[PDB]
Amino acid sequence: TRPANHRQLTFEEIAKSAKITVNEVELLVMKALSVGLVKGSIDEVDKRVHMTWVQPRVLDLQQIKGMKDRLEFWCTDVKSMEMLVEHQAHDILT
Amino acid sequence: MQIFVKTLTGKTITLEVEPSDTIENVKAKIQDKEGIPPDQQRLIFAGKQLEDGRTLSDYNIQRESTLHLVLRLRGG
Amino acid sequence: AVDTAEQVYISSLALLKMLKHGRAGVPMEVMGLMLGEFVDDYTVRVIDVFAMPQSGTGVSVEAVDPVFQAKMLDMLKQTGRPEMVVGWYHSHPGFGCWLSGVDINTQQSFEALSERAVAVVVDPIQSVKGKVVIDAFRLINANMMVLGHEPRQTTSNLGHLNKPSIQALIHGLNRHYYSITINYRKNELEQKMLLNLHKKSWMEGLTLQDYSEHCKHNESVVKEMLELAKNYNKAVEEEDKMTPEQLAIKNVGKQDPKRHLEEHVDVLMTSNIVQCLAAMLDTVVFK
Amino acid sequence: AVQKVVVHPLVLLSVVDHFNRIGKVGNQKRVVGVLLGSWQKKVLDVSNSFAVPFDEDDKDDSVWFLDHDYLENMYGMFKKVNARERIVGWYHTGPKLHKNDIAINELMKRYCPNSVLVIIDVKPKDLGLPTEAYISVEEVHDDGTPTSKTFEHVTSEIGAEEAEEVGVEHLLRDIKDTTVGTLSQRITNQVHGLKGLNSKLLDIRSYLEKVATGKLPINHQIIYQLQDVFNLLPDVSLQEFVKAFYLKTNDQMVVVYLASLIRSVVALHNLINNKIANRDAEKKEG
Amino acid sequence: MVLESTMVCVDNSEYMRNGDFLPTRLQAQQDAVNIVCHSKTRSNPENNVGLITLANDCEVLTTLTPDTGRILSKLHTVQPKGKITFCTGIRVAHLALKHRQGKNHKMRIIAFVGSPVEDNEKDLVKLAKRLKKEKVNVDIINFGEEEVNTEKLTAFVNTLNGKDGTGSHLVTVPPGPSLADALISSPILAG
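In order, the protein sequence lines correspond to chains A, B, C, D and E. If you count the first sequence from 1, position 53 lands on 335 in the UniProt record's numbering, and the numbers rise without skipping. If you count the second sequence from 1, position 20 lands on 96 in the UniProt record's numbering, and the numbers rise without skipping. If you count the third sequence from 1, position 47 lands on 70 in the UniProt record's numbering, and the numbers rise without skipping. If you count the fourth sequence from 1, position 22 lands on 26 in the UniProt record's numbering, and the numbers rise without skipping. If you count the fifth sequence from 1, position 167 lands on 167 in the UniProt record's numbering, and the numbers rise without skipping.
Read the hints as simulated data drawn from the structure, not as lab findings. A portion of the hints provided could be inaccurate.
[To be verified] Here's a subset of chain B near chain D, in silico, CB distances under 10 Å, partners left out:
(1) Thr88
(2) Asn101
(3) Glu127
(4) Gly129
(5) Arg130
[What the hints assert, rightly or not] Computed list of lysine-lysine pairs in BS3-like fashion (alpha-carbon distance at most 27 Å, straight line):
(6) B:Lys124 / D:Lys129
(7) D:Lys28 / E:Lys103
(8) C:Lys281 / C:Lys246
(9) E:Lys74 / D:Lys63
(10) D:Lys63 / D:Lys28
(11) C:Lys222 / D:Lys199
(12) C:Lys215 / D:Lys180
(13) E:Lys83 / D:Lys103
(14) E:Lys122 / D:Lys28
(15) A:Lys350 / C:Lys310
(16) D:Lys33 / C:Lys215
(17) E:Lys103 / E:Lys152
(18) A:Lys329 / A:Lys313
(19) D:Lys63 / C:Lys223
(20) C:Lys152 / C:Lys43
(21) D:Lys129 / D:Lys204
(22) D:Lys100 / D:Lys204
(23) D:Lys8 / D:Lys63
(24) C:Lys43 / D:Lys45
(25) D:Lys113 / D:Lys33
(26) E:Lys103 / B:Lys105
(27) D:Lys113 / B:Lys124
(28) D:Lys100 / A:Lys350
[Unchecked claim] Covered by chain C, per the in silico footprint, the following chain D stretches (three or more residues, Cβ under 8 Å):
(29) 9-16
(30) 81-89
(31) 106-118
(32) 163-171
(33) 175-188
A virtual CB, placed ideally from N, CA and C, is assigned to each residue, including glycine.
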């Protein structure tokens, strides 16, 4: 769910969202890691975890419009960046 | 769909053909109507030299085009 | 009478095959047969060439199966190559380029069979990346030349652009035959290929060199600079103390630190510039 | 099996010659042929080739003609003049894959249990590389779809031989090149990099249109892969990564400073030599 | 004398295992092939012959070859299987006739029909007409069971060689003694 900017979260959030007591949550996430469906690390001294990669999932015909949207203006950035270096150094070799 | 052929002698030959015909066929038609062996005939159309294996509409030849015959002479 | 200007056009593929075949029979005069057509009185064009089964003894070679030739040729027609025979070629390693003795005899019968034949000779062992050594000849008339007749007609400068070498004069080129100029005429599509022939994939261009190891190289060259600076000071101090050329003449053993100092620049530069630029770009183009 | 394949120029010129010649026998838009080669340590080397008659009725699959006992006859005729080389695979000059070529491959595989396909597109319309390499495999499925027989990609490159690059270079009198050193770096590894990356992203861009009801989502597989792409790309350049970057930029430039200083001193020294030499000899010759 | 290229398109469908002709239709046709090709080559020595077979796919077995033995030893170990498919066979034989070695030869197709043909009539009429303008000559033996295929084939041959072309035939046969013995040598020299 969370945007890629964060994908970092505290014990309390999971503990409530899965309605399991906090002292269990460590083992839960360890299980998650061990079966190999999610990757990252745990930072117990402040009760936080970081989760850098997650199993792909199917998704619907409207969510992919988000993919096309992101990809389009990623694409334009490349052309923009090319114009600059192709121009300013024209005299070395155009 | 009429075609004019010019030989070295300047005789003009008239052909009723089709845009999807092939050069082999027209060379054979000439063989029938004048007696020249097919394989001695080379066809010239402006600068291009026509190749046997493909079709007139590939060269977009049009109606009443004038087209040259050249003879590749052989050693003896 | 033969015009001085007439060309031989060879078609780039034939040349590559002539080389890759000549540079294998390394010390022996391997030979082969050559296919093309007589466009005109000012032309001959060779379009392809192929080898044969043959055996020899260092001092000679010849081919052993006659059937193989007719069978191969008659096969090729089924795939669009109806052209026929116009000549032959054989390789001279290191000798130079000329026809000698037996090579005239096997040549001359071609001309009784087919006028306007051509014999080609290539040298694969002197050639080098810039230039290949090829020649093409045809026999002078069987004398009756006490008349002093010229072998050829001339109506152009076009045939007198080149200087015959001493070696062929030793073996008598203008005495028994004559040379004919080679020319190349590439078509559009092959030359489009020929430039791609070295392109390298986009995958590489954006890639960074390791930053470790790179730093190692930097420290290596910087510590190499010292000794050259130290030597340079003395080399500045001592000059003009003797006659001018006796600087160089006395500097054939020991190196002169100017050049070695200078050419360690163009290694700090170039390297550092391009690495910093490539990192600076790709920090933007990905996220 | 195979890890990489290497092609010599003689093959590429052969392909092009065949493509131009066919006009004397047909009107087709593709040609097909055999690759002779050898290999060692899973590195495959293709060296020579000959072309065999083929024909196809364009308007349908499954109606095509390929002449066995000409292939066998030529292979015999070649073997007699070079024992080094053996059937290895086949090539065709179409710009894109065709439906029936898996059914070509299952034929010609009877001549070599490992056979590899090389596409040699003869009319490039971009900066790029003229060859691609493919090998045949069987795919299982998680959807319970039956086992599928399908191609797989193999990395490729051009190679060279000293007896040929002499000829290649004798022939490369066409245009400029070798803008030495710093001139050639940035062109060859910035501009012609970015142009490629842009073309790839345009291709993905186009495909994700057809999924607007133009075509069925080919698999959730392709979507899983795309999600990996947009997940992996480097973290936002916003954290203490920045500190680590500045350090190296300082170190990278400092030595440049040093070298530039060296560069100037020599010019002064050369200047002095030119000056004194001039004036002295002048007054002397006066 | 006239030089000719001939492809014989044998039939191998499942139906070929049944037993109208005495040994089994497979042996009923192999001998016929054996005699017809002997006739083709002995008529003039440089005629030449090839072989195709009709199943759930078409398959080529030997391209135009001047020696008959290549075919005979090849025709053996062809096995009765699958379902016939007529059009595709005739097409692929048209292709393979273009690539003949000597274009001065004119060309023929021979085929043996031994099963129901599930084809739409109006497809045969198109195929026949374009084959008409390509100067390819076809010649059908209704070797097996005459019924079902009796009509379609006849109308086909009409539309092809009709307009008073006369160069193309249909011939047909009941169950009985050998094809080569009673039938094939009867109508004309062959076909």
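Hints, verified against the model:
For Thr88 of chain B, the interface hint is violated, since its Cβ never comes within 10 Å of a Cβ in chain D; the closest pair sits about 28 Å apart. Annotation: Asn101 of chain B was flagged as interfacial toward chain D, and the flag is violated, the nearest CB pair being 14 Å apart, outside 10 Å. Annotation: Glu127 of chain B was flagged as interfacial toward chain D, and the flag holds, the nearest CB pair being 5 Å apart, inside 10 Å. Taking 10 Å as the C-beta contact cut-off toward chain D, the hint placing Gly129 of chain B at the interface holds, the least distance being around 5 Å.
For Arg130 of chain B, the interface hint holds, since its Cβ comes within 10 Å of a Cβ in chain D; the closest pair sits about 5 Å apart. For the hint pairing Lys124 of chain B with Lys129 of chain D, the CA-to-CA distance comes to about 26 Å; that is within 27 Å, so the pair holds. Straight-line distance between C-alpha atoms of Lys28 of chain D and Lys103 of chain E comes to about 13 Å, which keeps the hinted pair within the 27 Å bound. With a CA separation close to 17 Å, the supplied pair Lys281 of chain C and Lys246 of chain C stays within the 27 Å bound.
Restraint check for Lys74 of chain E and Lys63 of chain D: the C-alpha separation of about 31 Å exceeds 27 Å, so the hint is violated. Taking the CA atoms of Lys63 of chain D and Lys28 of chain D, the gap is near 22 Å; set against the 27 Å cutoff, the hint holds. Proposed proximity of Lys222 of chain C and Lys199 of chain D is supported: the alpha carbons are some 14 Å apart, at most 27 Å. With a CA separation close to 14 Å, the supplied pair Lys215 of chain C and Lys180 of chain D stays within the 27 Å bound.
Proximity of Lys83 of chain E to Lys103 of chain D is assessed by CA-CA distance (about 23 Å); at most 27 Å being required, the pair is judged to hold. Between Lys122 of chain E and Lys28 of chain D, the direct Cα distance comes to roughly 35 Å. Violation of the 27 Å bound is thereby established for this hinted pair. Restraint check for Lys350 of chain A and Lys310 of chain C: the C-alpha separation of about 16 Å stays at or below 27 Å, so the hint holds. Distance hint between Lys33 of chain D and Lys215 of chain C is fulfilled; the C-alpha atoms sit about 19 Å from each other, no more than 27 Å.
This hinted pair does not check out: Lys103 of chain E and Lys152 of chain E have alpha carbons roughly 32 Å apart, beyond 27 Å. A hinted pair counts as satisfied when its Cα atoms are at most 27 Å apart, and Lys329 of chain A with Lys313 of chain A qualifies at roughly 17 Å. Proposed proximity of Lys63 of chain D and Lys223 of chain C is contradicted: the alpha carbons are some 37 Å apart, above 27 Å. Between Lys152 of chain C and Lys43 of chain C, the direct Cα distance comes to roughly 14 Å. Compliance with the 27 Å bound is thereby established for this hinted pair.
Between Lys129 of chain D and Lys204 of chain D the alpha-carbon distance is near 14 Å, which keeps this suggested pair within the 27 Å criterion. In summary, the hint linking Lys100 of chain D to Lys204 of chain D is supported, as the alpha carbons are separated by about 16 Å, within the 27 Å threshold. As the CA atoms of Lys8 of chain D and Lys63 of chain D are separated by approximately 35 Å, the hinted pair breaks the 27 Å bound. Only pairs whose Cα atoms come within 27 Å are accepted, and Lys43 of chain C paired with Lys45 of chain D is accepted, the gap being roughly 25 Å.
A distance of roughly 24 Å separates the Cα atoms of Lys113 of chain D and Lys33 of chain D; the hinted pair therefore holds under the 27 Å criterion. This hinted pair checks out: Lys103 of chain E and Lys105 of chain B have alpha carbons roughly 15 Å apart, not beyond 27 Å. At roughly 42 Å between alpha-carbon atoms, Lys113 of chain D and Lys124 of chain B are farther apart than 27 Å, so this suggested pair is violated. As the CA atoms of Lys100 of chain D and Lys350 of chain A are separated by approximately 25 Å, the hinted pair is consistent with the 27 Å bound.
Residues of the segment 9-16 of chain D lying with their CB closer than 8 Å to a CB of chain C number 3, which satisfies the three-residue condition for coverage. Here's how the segment 81-89 of chain D fares: 3 of its residues keep a CB closer than 8 Å to some CB of chain C, so the rule of at least three is met and the hint holds. Only when three residues or more bring their CB closer than 8 Å to a CB of chain C does the claim for the segment 106-118 of chain D stand; here the count is 0, and the claim is violated. Against chain C, the segment 163-171 of chain D contributes 6 residues with a C-beta closer than 8 Å to a partner C-beta. That satisfies the three-residue criterion, and the hint holds.
Evaluation of the coverage hint for the segment 175-188 of chain D: fulfilled, as 6 residues show C-beta separations to chain C shorter than 8 Å, against a requirement of three.
Of the numbered hints given earlier, the model fails hints 1, 2, 9, 14, 17, 19, 23, 27, 31; all others are met.
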